[PDB]
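**Q** Chain residues, written in single-letter form:
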Amino acid sequence: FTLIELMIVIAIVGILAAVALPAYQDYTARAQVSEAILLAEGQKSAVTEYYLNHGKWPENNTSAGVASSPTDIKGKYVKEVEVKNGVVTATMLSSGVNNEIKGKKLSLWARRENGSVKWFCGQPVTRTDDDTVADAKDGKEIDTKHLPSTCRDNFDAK
Amino acid sequence: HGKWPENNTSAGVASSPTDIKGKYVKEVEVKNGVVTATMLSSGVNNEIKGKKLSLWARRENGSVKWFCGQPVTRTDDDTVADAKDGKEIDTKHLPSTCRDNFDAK
Amino acid sequence: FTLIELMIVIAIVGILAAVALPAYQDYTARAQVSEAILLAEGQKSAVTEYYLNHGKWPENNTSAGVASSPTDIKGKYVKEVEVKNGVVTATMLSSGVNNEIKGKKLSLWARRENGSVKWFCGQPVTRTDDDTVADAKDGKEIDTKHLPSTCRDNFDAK
Amino acid sequence: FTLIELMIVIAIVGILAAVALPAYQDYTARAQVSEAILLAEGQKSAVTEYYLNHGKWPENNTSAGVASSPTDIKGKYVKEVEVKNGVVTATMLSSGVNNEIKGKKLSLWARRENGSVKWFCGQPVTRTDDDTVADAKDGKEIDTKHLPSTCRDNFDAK
Ligand SMILES: *[C@@H]1O[C@H](CO)[C@@H](NC(C)=O)[C@H](O[C@H]2O[C@H](CO)[C@H](O)[C@H](O)[C@H]2O)[C@H]1NC(C)=O
Ligand SMILES: *[C@@H]1O[C@H](CO)[C@@H](NC(C)=O)[C@H](O[C@H]2O[C@H](CO)[C@H](O)[C@H](O)[C@H]2O)[C@H]1NC(C)=O
Ligand SMILES: *[C@@H]1O[C@H](CO)[C@@H](NC(C)=O)[C@H](O[C@H]2O[C@H](CO)[C@H](O)[C@H](O)[C@H]2O)[C@H]1NC(C)=O
Ligand SMILES: *[C@@H]1O[C@H](CO)[C@@H](NC(C)=O)[C@H](O[C@H]2O[C@H](CO)[C@H](O)[C@H](O)[C@H]2O)[C@H]1NC(C)=O
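Chains as they are written, first to last, in our numbering: chain A, 1 to 158; chain B, 1 to 105; chain C, 1 to 158; chain D, 1 to 158.
Excised from the complex, chain A in its bound form:
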């Protein structure tokens, strides 16, 4: 006979949350990845200096002169950050993150410019030789959709 204004408006806010659910869920993940990136960076300094001073990429965190323990460079969504031959990889925690990005990671690596180096940011990579890396293809890479426009670099970016 009457009461449908309360019933529909409680059910439009319910469906509004369902539509606002995936937007906040990738905005959210995309936000948790933007930090793995900040934790990865700032460690470029150590790595850059080590390379320019010696001409060899730092083998591990201790070589680069950073928390000798990967797990000591963690965060809220970051379970750690390891330096492996100049390549700095950031791992996403398992608690406090999206759902399709946890335990997932990215990498920052550089290239000899000769007198200086240039840095790249993208999906996990392994270093082959002092001037070549390759996709750490394995299945734990953070999905392209979660990576900034500034971190879409490919293993062979120059």
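The hints are simulated quantities; they were obtained by calculation from the structure and are not laboratory data.
DEER-style ranges, computed between Cβ atoms:
1. C/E113 - A/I4: 57 to 65 Å
2. D/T144 - A/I4: 28 to 36 Å
3. C/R111 - B/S96: 49 to 57 Å
4. A/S116 - B/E6: 48 to 56 Å
5. A/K158 - C/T132: 45 to 53 Å
6. B/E6 - A/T132: 50 to 58 Å
7. C/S34 - A/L38: 20 to 28 Å
8. D/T71 - C/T132: 53 to 61 Å
9. B/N46 - C/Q25: 30 to 38 Å
10. B/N61 - A/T150: 20 to 28 Å
11. D/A23 - A/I15: 19 to 27 Å
12. D/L38 - A/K140: 37 to 45 Å
13. A/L38 - C/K137: 31 to 39 Å
14. D/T144 - A/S45: 48 to 56 Å
Partial selection, computed: residues in chain B whose CB lies under 8 Å from chain A:
15. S63
16. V64
17. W66
18. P95
19. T97
Heads up, the beta-carbon is just placed ideally off N, CA and C, and yes, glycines get one too.
For chain A, the structure is supplied; the task is to place chains B, C and D with the ligands on it using the hints.
**A** Okay, now just chains B, C and D with the ligands, sitting in the frame of chain A:
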């Protein structure tokens, strides 16, 4: 947090179920993300008082989707089941938008 | 004989407002707290620098090099922000806020990482020693329900 | 002899619409103003930076580094947004709006905090000196009833 709120206080709502009541609603309790609403005993039909429904959600991964239907219990973080017991509001009294089954996806 | 469509629909919008009342009232409070947090932050800079440059936490706002007057770091819902030995506490005004959060506050404190510091955000805390704080247990803490997921830190968080 | 249930219920929905008419008509206007406010903001950035970098308020849009043309910062209910000496005013279109708010506007202005500035939001204002504005009293101000609780600032708010 990636975990469903255990109770009202966890969800950050009137720590007391009875504090989320109404004219026909005797309360609303959050039990592991599942929100159940109980029908008062005074001021209602006759075959719906003391009866209730539930709203529960499901991880969409990055977001969640909500369901509305007859009382349900949460089993695991992504599974609930009919709170079969006899106090569910009869299908005839539920909107077309609240006919969801325990296994709706 | 007739007119119940106008009577029920005016009474469903009335009860719709009553159901929409607590949702807007915690969404609202949760919004007024999210600012006390923004006012508290951005003062991390002063405090961080003071600590790293001297190895001692700033005793008060003036030491940290900020509005020497706590009341000078207020807002709409924020009655102020005081720095007490590196701990930055934000107080909720008494006018313009929820109802169960006014005159209530939170704290931001940091911890020596050795070469850098890490910040925490949560319910009011007091500093004991240069690397230890404790619950400013007293009854004026902003209730957990009003605090973001990013500001649920405990006095002993590391 | 009979048919009054159809006659009354068609006439209760008719009067229900008449009662729901003013509610949707201020909820509506109040909604069209909330945007003039969003269009006004986000231009605070340009204005803030211009002031902090030079110590003088941007004279006009071009100075602030925004669509050199006021009319280029319009919307659905917004006919434009002009920056006049740091004061940003938003004008309500003439088509697509309430009825007692079209061609009407509001202003956002700031104040030197010394090292930073604080923003205000309210009824149209004019800038007198670098730290003083005044009511642009003229009759085209959006009525207090249509302004959010967050945009009730007076010319002398500090
Ligand atoms: C740090 O990175 C260096 C990269 O050249 C690496 N050196 C070489 C030649 O690979 C360092 O390892 C050397 O020093 C450690 C010290 O304990 C050890 O002796 C290794 O045998 C030697 O290669 C890297 N340091 C560490 C601690 O691994
Ligand atoms: C709120 O829901 C939480 C869901 O994870 C739940 N935590 C866990 C781990 O189940 C909270 O309970 C925790 O906190 C309370 C606080 O008194 C108590 O210490 C419990 O032992 C602990 O599990 C839920 N909060 C409450 C108040 O129940
Ligand atoms: C600022 O924080 C400092 C933290 O070390 C604190 N110093 C010490 C040793 O606690 C400053 O106080 C010192 O300087 C003021 C200046 O008037 C005064 O002389 C105090 O006696 C002295 O401790 C803090 N500055 C202020 C103004 O309190
Ligand atoms: C932008 O705002 C400035 C605020 O100081 C204003 N400058 C002054 C001194 O008022 C700019 O105007 C100056 O530059 C324009 C450029 O054509 C013109 O030369 C004016 O004479 C000069 O005042 C403002 N820029 C514009 C384009 O108005």
